[PDB]
Amino acid sequence: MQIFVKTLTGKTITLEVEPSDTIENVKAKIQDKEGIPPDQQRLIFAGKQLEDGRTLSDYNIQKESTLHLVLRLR
Amino acid sequence: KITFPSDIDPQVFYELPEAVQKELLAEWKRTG
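Protein chains in written order, with the authors' numbering: chain B, 201 to 274; chain A, 61 to 92.
In isolation and in its complexed conformation, chain B is listed as follows:
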């Protein structure tokens, strides 16, 4: 299942993923494309902060789902 990631600047990215993919993996996808590291980028879905210890299916995320990326400070 794929998911769209809109950044704070409006940059939309489509990354193919799987229902058992870990949030830490999706974050790496934006890293290889947007060059943003995991310790600073944050993914939020429905006002909920995704945890690096869970899977997309655990957050009820489905294909064509869109997530929000928030930049940290470090």
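Do not rely on the hints blindly, as some may be mistaken.
What the hints assert, rightly or not - FRET-style restraints, in silico, Cβ to Cβ:
id : chain 1 : residue 1 : chain 2 : residue 2 : range
1  : A       : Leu85     : B       : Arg274    : 24 to 30 Å
2  : B       : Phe204    : A       : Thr91     : 36 to 42 Å
3  : A       : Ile62     : B       : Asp232    : 32 to 38 Å
4  : A       : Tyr74     : B       : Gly253    : 25 to 31 Å
5  : A       : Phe64     : B       : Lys248    : 20 to 26 Å
6  : A       : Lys82     : B       : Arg274    : 14 to 20 Å
7  : B       : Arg242    : A       : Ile62     : 19 to 25 Å
8  : B       : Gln262    : A       : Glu83     : 25 to 31 Å
9  : B       : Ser257    : A       : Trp88     : 31 to 37 Å
10 : B       : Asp252    : A       : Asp67     : 34 to 40 Å
If you're looking for bench data, these hints aren't it; they were derived computationally from the structure. Every residue, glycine too, gets a C-beta built ideally from N, C-alpha and C.
Dock chain A against the given chain B, drawing on the hints supplied.
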């Protein structure tokens, strides 16, 4: 009156949760 950096879009900002909204506004204010 809200001021957004040259790299922040308002459409995606209001779509973020308030708790995170405040943290991002507090950062633009401490330096703003």
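Hint check:
no. : hint                             : in the structure
1   : A:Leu85 <-> B:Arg274: 24 to 30 Å : 19 Å, violated
2   : B:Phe204 <-> A:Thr91: 36 to 42 Å : 30 Å, violated
3   : A:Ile62 <-> B:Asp232: 32 to 38 Å : 33 Å, holds
4   : A:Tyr74 <-> B:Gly253: 25 to 31 Å : 29 Å, holds
5   : A:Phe64 <-> B:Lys248: 20 to 26 Å : 24 Å, holds
6   : A:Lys82 <-> B:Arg274: 14 to 20 Å : 19 Å, holds
7   : B:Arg242 <-> A:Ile62: 19 to 25 Å : 21 Å, holds
8   : B:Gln262 <-> A:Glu83: 25 to 31 Å : 28 Å, holds
9   : B:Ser257 <-> A:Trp88: 31 to 37 Å : 36 Å, holds
10  : B:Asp252 <-> A:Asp67: 34 to 40 Å : 25 Å, violated
This entry does not satisfy hints 1, 2 and 10, going by the numbered hints stated previously.
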